[PDB]
Each structure stands twice: as structure tokens, then as C-alpha cells.
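Kindly generate the complete structure, drawing on both the sequences and the hints.
There are 2 protein chains.
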Amino acid sequence: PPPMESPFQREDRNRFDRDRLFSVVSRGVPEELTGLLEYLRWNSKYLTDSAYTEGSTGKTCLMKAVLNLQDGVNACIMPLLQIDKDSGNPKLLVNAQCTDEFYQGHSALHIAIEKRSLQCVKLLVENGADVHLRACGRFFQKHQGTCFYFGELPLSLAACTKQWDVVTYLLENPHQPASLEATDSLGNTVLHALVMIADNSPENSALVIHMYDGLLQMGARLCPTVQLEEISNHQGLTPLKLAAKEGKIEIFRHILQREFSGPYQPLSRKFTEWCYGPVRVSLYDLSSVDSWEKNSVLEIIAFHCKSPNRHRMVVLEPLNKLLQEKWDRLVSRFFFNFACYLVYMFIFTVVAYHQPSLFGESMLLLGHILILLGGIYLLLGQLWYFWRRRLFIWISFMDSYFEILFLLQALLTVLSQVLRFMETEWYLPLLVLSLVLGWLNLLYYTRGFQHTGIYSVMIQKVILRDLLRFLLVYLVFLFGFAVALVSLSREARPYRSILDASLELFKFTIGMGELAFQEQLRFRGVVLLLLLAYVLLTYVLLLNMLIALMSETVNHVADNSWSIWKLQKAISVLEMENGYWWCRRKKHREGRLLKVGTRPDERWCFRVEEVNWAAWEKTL
Amino acid sequence: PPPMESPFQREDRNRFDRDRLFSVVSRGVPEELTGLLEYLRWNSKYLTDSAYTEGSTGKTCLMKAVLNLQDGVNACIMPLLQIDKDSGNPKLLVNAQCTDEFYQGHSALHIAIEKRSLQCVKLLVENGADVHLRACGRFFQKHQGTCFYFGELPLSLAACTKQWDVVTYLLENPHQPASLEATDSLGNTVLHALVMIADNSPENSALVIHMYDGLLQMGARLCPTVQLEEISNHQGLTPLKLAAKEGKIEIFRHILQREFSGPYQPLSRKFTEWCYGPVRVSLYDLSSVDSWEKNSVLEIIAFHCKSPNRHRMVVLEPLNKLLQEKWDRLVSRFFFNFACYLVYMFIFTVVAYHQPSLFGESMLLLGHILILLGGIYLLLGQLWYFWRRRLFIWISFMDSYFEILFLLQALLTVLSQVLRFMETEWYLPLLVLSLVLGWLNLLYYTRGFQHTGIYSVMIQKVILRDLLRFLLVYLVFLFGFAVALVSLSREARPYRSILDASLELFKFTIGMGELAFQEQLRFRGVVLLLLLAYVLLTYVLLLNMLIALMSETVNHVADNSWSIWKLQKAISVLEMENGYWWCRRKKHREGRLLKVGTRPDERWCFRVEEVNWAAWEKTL
Ligand SMILES: CCCCCCCCCC(=O)OC[C@H](COP(=O)([O-])OCCN)OC(=O)CCCCCCCCC
Ligand SMILES: CCCCCCCCCC(=O)OC[C@H](COP(=O)([O-])OCCN)OC(=O)CCCCCCCCC
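Chains as they are written, first to last, in PDB author numbering: chain B, 32 to 45, 74 to 417, 429 to 563, 589 to 694, 699 to 719; chain A, 32 to 45, 74 to 417, 429 to 563, 589 to 694, 699 to 719.
By construction, these hints were calculated from the structure, which means they are not laboratory data. Treat the hints with care, as some may be off.
Any copy, or any two copies together, can satisfy a pair, since identical chains are not distinguished.
Below 20 Å or equal to it, Euclidean Cα-Cα: the simulated SDA-like pairs (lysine to any residue) are [to be verified]:
(1) 602 <-> 635
(2) 602 <-> 630
(3) 150 <-> 187
(4) 174 <-> 333
Listed below in C-alpha cells is the structure:
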């Protein structure tokens, strides 16, 4: 794509001509525009015609004038608009937009706002600039390349660039006021766009929070009957749900715990009830948060968010206490499920232990029937889970590999019981491997306790992703030395096959490597030197991997295992609330309906008791 | 060498004599010089004669006067010059220089500049001091001993000591102005000398950058038609190339990304094109940087620089994006080379696996021919590489040991195929060892991916240089206890040879050491005590080496593996751009020719798109 503006490269082409006009509006001298209007009238042409624009983009002379503002003012703008009006152009020059795929919908008002020229914005608005044109090119979309997403609207651009005067002028100018309800091509409003450009750094979060609160307070004046935070985009997300999905923890916490006093009190989501010393009791708005409603904040955080700080969101209030009462309500069902799986696995172990050769027989047949029925039940449950987690399936197993393991165990159980009916001998390794998987699957339920559940998070770490990368080097070492030892030992004056030599070389890592002078071999010295070289290289490699893993993991970073265990409990709770595949529970709504003021402002509120001695001592 | 000045040691000798004159010019009283001119006229002698100088160095009385400045002024200087003029000396005393090998070319103007006496500099220049005398002794060269390299010229001395007034006076005095184009004995100009004295500390870098920019701006006035940064020294290096070779990262980054506005705009190498929010688009000068030109900055960084921060240079713009587009253009050739090596190694493994005893036979002969041809091809390619990397060969394999390994593998392959024609049995261990090396050489191509290529940098570290130092102690332990166990076990009431006992003692480190009461030996108690002592000493040594290696490597230093992987990709790209030994590619020039102003200032410019949200938010 060509540059937006370039002092060194002339515009593409893919008497008053285009080059003279562009040079005049670049210099900014209005008196050199004389004769342009007469030339346009003589040739019956307009400034919006393709001959007077950049060929590749459709960038006009007015955008060239705004792109060359000197101290916020270009004197060629108003005479250019006067010439455009006097030429009888049915398409206004202020509303002309670029046509290329990279800068599609880009207009001069966007350039005037981005150049922070309030005078130019006023001059464009006074002459009929549409304040709802959407810059929807690839440069203005959100992706990993060179781009600037701010929404697509001029008001969203003015908000995302921290321009209070431009926002105030656009919202209530008498010519054409901008609407806070206006949406971009994705359905995003200005609050959605502020959530989009939000980062978790303190300065960006402060800017986004200030802009969000100010725009909400002005929406309380300009459109008081409009719920600005209840507007959903094309994904069905509100700004709170969008902040939950994108991992924008700071603005999510600010919206979730928002409190105002006096005026703008209906804009609050947190309402202080009473205080007594270090005890503070508050009411929290549960709208769009409680899992009783479809597509809630909790469901989005658990199953739709990809961000690494999902575990930091679930420990914020009121989410923490709400998930705590849900877990206290469902802990008996959790341990009943654990007891059922223990019974199933015990019968599995008894049946697999007493297999026959390739009253007791009837009991073994009954146990085989029970194993088949339990495998069918688990298979149907896992298939229902993966059907419900349809669209976000890649997000489903990135932290829930036990779902994959349970599905695989049930599939192996059903396959082994099918192969037993066909009387093939391969049912027994399948049954044994499903028994292995079933006993490994019992470690899912360690998350029911704090002591085991936190520890199961502390043990597993980034070792798994580096194990494969070390294994890539180690397998090359193993295969090369194995084929070498097989080739060299074929002549007599140990290593008969590739698998045997590979096993003997793998024995060195477990402390059982045989290292001897193979006197019956012809090349025994070279074989011994190859073994010693392999041992030294493998030990150097193992020391390298240990020290490298030691460098990334020991860094004194504070322990986040408690919040990850809380996130695991939240996922378990939200799955347990749906019931079973054969019996669906009716959802129970949390909180109480309370009137908190006048919009009667009746909301479902959750009461949270907080004790904080240091915070209370700081205000004395 | 004697001291430059010493209040305690008298000058060497290797009526108005030398001692009285030296004491007078040390005290600084001009009225005690009476009778010196008459004595010199009577004896027909001059102050520059060997009788009036230090014997070992040739240091004169004027240098003695300047070395004893009191508050920047010595009153004996002007009468001494008057006596020198009145004596009819054909050699001026101001231009007399020291003659010893340590202080060769040292003059009084250098001492006046180093003493920061602008009055003395003006006094010397007004009386005819040559401002282009070069201090070229061993003290003024650059080496690891006691030295001060500043260039060799008075202007370079004034610049390297941060003396703006002295530089300004030397550049435009009406008596004899110094030239910015003047070069030292190495061809270094003042900008080269500033690059030479540059350090990567912030204060030294700030001083060097300020001096460099000021001298370039004054060269824009004094010699506007002279390209000061295009001057090459005797090594053919410009100041940018010299900064790239010496690892001077700060001044290299400053020169590479230099930008000026308004006046001194032709001195810029970076030209901002357009900005829109956090997006900044700039043009970068590619002169002497692009690898299309011989001896470029990229080639110097990859193959000529010895400094440890080579990987920090390649991640700077515009080098990072340029190397990225080069890699995107050559990645298919990289993986085609990988596929060819995989095919060659697979045929190697198949041929080595199916060797006979010391249609299938014809296929094995064809495979032997293919192995021989591939070995010849790889040998010729590696020989061509080491021929092209002729002068800097020691810099070539300090980070590219795979070149050595590929050459050794090809040599072993050719030697094994030669020995097979001679029908000796030793071809088979050579073939097996070349197979080992060829399978190890496949790990070169892990750098083609980020995931494997970064990890291959993270695993290897300083363990290799400490492994040899630990091995020096461990081999002494092993040999001493081995000869002990062989000597002690010779008498009966296990260890028959040195190699056997060494292997049994090495078995303890791999977890297979045999530790038993050798009841058939006569000295079984002493043998058991020797084994226990060896085990304890070896385990203490291993624990020491593990903890010592743990101390140097775990230090929370930020990971530089990504930049080292980028440097490896840069080396691969620059080698792939030359083509093959049998087919040399034509170089493709990067960037576009654009006019950036008036010197028409036409440069080859590279467009770089940068997104930086925090930097843009800081200016709002
Ligand atoms: C169809 C109508 C008949 C229903 C019969 C009652 C079924 C109870 C189901 C139950 O408790 O589930 C236990 C377990 C499910 O694991 P999970 O979803 O918690 O975790 C899933 C992975 N996250 O599932 C199992 O362990 C398999 C059940 C088979 C053994 C039953 C033994 C009963 C002993 C009293
Ligand atoms: C003389 C005219 C005939 C030329 C025939 C084509 C040769 C292709 C060369 C090639 O792709 O090089 C692969 C490799 C070189 O390694 P490198 O320089 O990337 O890395 C070097 C170390 N850094 O070299 C090899 O692997 C050896 C080539 C022998 C096997 C060819 C198999 C072909 C299968 C299609």
C-alpha cells in the first residue's frame, strides 16, 4: 500500500491539473487557487473526480490539505470548499472517502481529529462533514500487522486519542451532533472501542477509565433514556463482556466495581451499604455476571477467554464470593461424582485383574457389563461436553486436558469391550491401557481440596513445552548412535537391531547403561569410544536442559497457583451447574432484587462483606 | 620509558645549560632567561639541538614549559619563542617533536590541548604551530597496555577531550585552520577517532554522540561539498562500518537512525514519512548497509565483528526488517537445502546399515557412489566457505562450529570411500563415524523455526568452557585411583589393566559402579577403602561443579536467545545470498531510489512501519 502522506514520493496515477493543486494545498497559500474554479467550470469537472485524486487510494485534495496542517491551520481548506460548492458538485468534498482496501472509508474529518486540530474539525463540521463516516480499511482493522484500530467513527477516534474538546464539540455541535449509540462495522460503540484499545499498563488503563467514565457521564445527559452499557456488538458482547473476553483486567475491574456518589449514582454497579471500623458491606450489580443468564461474564471468562490472566479475573469481587457460594452449594455433588468414578475404577481394576486365559464367571460377565455401561455413560457425557463447547473447542482443552483424557478412556473402554465380543486377542492391551488412563484420570478430583488442588497447579509448569524441544535433540542423538552401533557391531573378531541398541542407549539415562569392553567384537575400541562419546554428549545435553529449565522457572515471581486453582474450581462449578447429559438442572438465580434508586432502579444485587484493617487504618 | 613529566626524577642525558633552562621554565619566571640568547649566539647553538633536550625522548624546553602551566598560563613561553626566533633556528621550536618510540610525534600543541589551556593553544598557533602534527608513538596507539588513543592529530585530541572552544579555534583560526579531513597513521579521521574512544556506557556515549553531531554540523559549514562520513581509513571502513566492527552499539544506533529537522536535514539517515496515532512510518538510508554492496554493515557484523553484542546490533532498525524480508525471500531455499541434506543422510543410513561381511549389490554400489558424490559436494562447499572467510577465519567458527563439523563429516566420508577402494577394514569405523557426524549435523537446521531455533540457543551456554576445566581435575582423580587399583590388585590372597580400572571407576558416575568386598584379593580392605575414598571425592567434586555452574548461570539476566537466533538467521541469510559454489547468484538491491532533498539528494531508502502505543501515549 502507498503511504498516507509522503514528502518524498509523489501520489500514484493508477490549466489546473492535479500536481499543481496538490502542491498548492501542500504549501498552504490560498491565492494560488485562482483559475481552478474557472478551469473546472470550463471542463465541467469536479474536485471529487478520479482525475484530481490519487489513483490507488482515491485520496482527494482536501485530505491532502488536512494532512499538511501548519500549526493546526491550513489556509487552503475554506477556499477549496468554496470552489467545490461553486462547481456544482453533487458529491460534497468533505464527505469524500478513500476507496482502496487499506484505507477504505478514510475521510478528512478523521485526519483533522488525528492531527488534534479543533479549528479544522469545527471548519469541516460547519461545512457539512458527516460525523458518522466509518474508516473501515485494513489499516483501521485490528490485527497483528501495521494497523490502528480505534473503532471506525470520528467520535471513537476522538475518544481513543484523548481529545476532550473534540469529543465535546462532536457530541453537541448545532450542525450535526455525533451519537454515542453509533456503531462501527463490528457493532462496536465508543465504549467497546475504549475496551478494545485498553491495555493493562497503568497509564493506558487510567486513560481508558477516564475516557469511559466521562463518556458515560455525558451519556447520562445527552441520552438519559439510553442504556449505553447494554448495547451489544455483532458478537453479542456488552463492554463488560468484551472486557471479560479480551482479558482487559483493569477496565473489567473498574466497570465491575464502579461506584458513584450523589449525581451519576444510577451509573454505579457497586453500592456501599454500611461500614463499621474495618468492615465494609456493599451491594454488587449481578446483571450480565450471574451464570443463570446465557452468555454471562463467568461463562465467558471460563470458556471463551484466551488471555493468560483468566485466573486473575475470578478472584475479583463480586466474582470470588459468588463462585465461593456456588462451590459450597455444589461440593457434595462434586464428591459424589468422585465416589462414582472411584467405584467404577475399582470394578475396572477387579475385572482387569481377573481376566482368563487366551459363580465367578457370572460375576466377571456382570463386571464386564458394568464396565461397558460406564464407558458408554462417560463417552456420552464427554461427547455432550464437546458438543456444548463447539465453537470455542480450541479454548476448551488448553486448560482442560482431562476432558480429552476422559473421552479417550471411554473410547478405549468401548473399543476393548467391542473387541472382546469379536474374540480377538487385542482387546486385552486396549483394556489394560484404558485401565491405565482411568487410574490417571482419578487425579482430576484433587482440585476439590485446597491442599492437593493448589499443589497440582504448582507441580505442572513450562517443563512440558521444553520437554518436547529437548526430546527433538535427544532422539537425533539416540537414533544416530543407535544406527552407528548396529552397523559397527555386525562384524566379530550386543547390538543386533535398532530397537535393541536404542534400548541399551536409553538405559544410560536411567542409571542402567552397560559400559564394557566387548572383546568378541572386531571393532571393540571404536564401539567403546562411540559409547563414551554418546555418554558424554548426553550428560552435557541433560545438564544444559536442567540449567536452562532452572533459569526460566526460578525467578522469585509471586505464586499464582491459588488463583489458578480457583479458576479450576470455577470451571468445575460452571460445568456442574448444567447437571448431567441425561438430567438438566434448572438454574438458580443468585442475589436479591433490590431498588437502588431511580433510573424505579431495581437490580439483582449481591451482598459482599469485606474486612480490611490496613485500608481502614490509612484513613484514620 | 621515562615519564612525560616528573617532579622527582631529572630528565635523562642518553653559561646557560639544559638544567638551568629547564628549572627556569619549570618555575615560570621569564626574567631568568636573560643571557640565554647571547650564549646561544656565542656558541652558535639552538634550543632544538640535542644538548638542550632530554636524551631519551627529545623533549625540548618548550614542552617542559607547557607541561608546567600554572593556572593555564606559563610566562616563559613567549620569551622562549622570541629567543628561538632571534637565534636563527631553521627548525621552529613550536614544531619540534619527541623522537623516542613511546612518545613519537608528541608536540607542545598536544600538551597545551590536553592541559585545557586555550590561551596557550592560541599563543602556540599564533607563532606558527603546525596543527597537523601526528603523535604516533606507542603511548598514543591503541593496545591493552598503558596508552591513550585519541587519534593522533590535535583536532582529534581536542574533540576526544570534550573541548568545544579549542575545536572551534582550531577549525577556523586565521593563522592555520585544522582540517576535518585530516587522517592519522591508520587513516582515521576525527569521526573515526570518536568511534574509537566510544564506550557503551551512557556518559561516554552521550559525549561521543554530542561531539560527533557537532563536528558533522560544523563540517556542513566549513567543508559543505565534502562527505565526512564517506571517508574510509586504511582498513576501508567508514565511521559507521568502524562502529559496526568494534561493537560500539550506542554510536552505531545513533548514526544508523540519525534524524534532523530544518537545517542539517541532509545529514539525516532517517526520514519520517507520515504518522497516524501510534503508527510511525520512516525512510532509512541503506547506503553502506545493504548486503548488495561489498563489505557492508551486515557482512561486517556477521563475519568481521568480534564483540559479544553482535546479536544486539541485528535487532536494530532498519537492520531487523531488512533481514526479515531477506529471510522471507530465502526460507524456501533454506528448507530445500534441509530436504537435500535429509535425503543424503537417509541414503547414508541405508547404505551404512546394509554393509556386507568383511539387484541389491548394484543398488548398494549406486548408494556408495551417491554417498561419495555428496561428500565431494559438501567438501567443496565447505572449502569454498573457508576460502571466502579467509582473513577472518578465527571469527568465522567462534559461533559457527557447524561449518567445521560439516567439513569434517565430508572429509570423513571421502576418506572412508577412498579406504573402501583400497579394501582395508578401517573404512567401516570411518563410515560409521561420518554417519554419526552427519546425523548430528542435522541439528543445524533447527534454526529455521523460532521454536526450535530459540531453544537451541537457550540450551547451550558457558557449561562447555567449565566442562573442560572440571575434566582436568576429574581425569587426574581417575588416573591416580586407576593406577593405584591396578598396582594394589596384582597380589592374590578385577583390575588387570589401566583401561579396565579406568572404566570401572568411570562406571560410578553413570550409576553402575561396582562396590564389593573383593575377598580373593590380598589387600581387599585397602582396595575397598580406596574405592570408597574415590567415590566420596568424586561425589564432592561433582556437587562442587554443579553448585558452581548453578552460581554463574542462574542470575535473572534477561533472555537474549531471541537476538542470538536472529543473528544465526542473519548469518544463514548472508551465506544463502551468495548462492552455491557451482552457481553464484546475482545480488538483488533492496529499497527504492528516492530524492530526499538537496545536497538532488537521491538515496536508496528502506520504508519501515513502526507501531508503539506507549511512546505515542507519552506525548499526549
Ligand atoms: C442414565 C441414567 C442412570 C444414571 C446413573 C447415575 C450416574 C451418576 C453420574 C455421576 O455421579 O457421575 C460420575 C462420573 C462423572 O464424572 P464428572 O462429570 O464429574 O467428570 C467428568 C470429567 N470432568 O461418571 C462416572 O464415574 C461414570 C458412571 C459409572 C459408574 C457409576 C457407579 C455408581 C455407584 C453408586
Ligand atoms: C554440481 C551440480 C549439481 C548440483 C545438484 C543439486 C545440489 C543442491 C544443493 C543443496 O540443496 O544443498 C544442500 C546441502 C547444502 O547445505 P547448506 O549449504 O545449506 O549447509 C551447509 C552447512 N551450513 O548439501 C547437501 O545436503 C549435499 C548435496 C547432496 C545430496 C543431494 C540430494 C538431492 C535430492 C533432490
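Hints versus structure:
1. 602 <-> 635: Close inside one copy (16 Å) and across copies (17 Å); limit 20 Å.
2. 602 <-> 630: both (11 Å within a copy, 11 Å between copies)
3. 150 <-> 187: within (11 Å within a copy, 78 Å between copies)
4. 174 <-> 333: Classified as between: cross-chain Cα gap 11 Å, same-chain 49 Å, threshold 20 Å.
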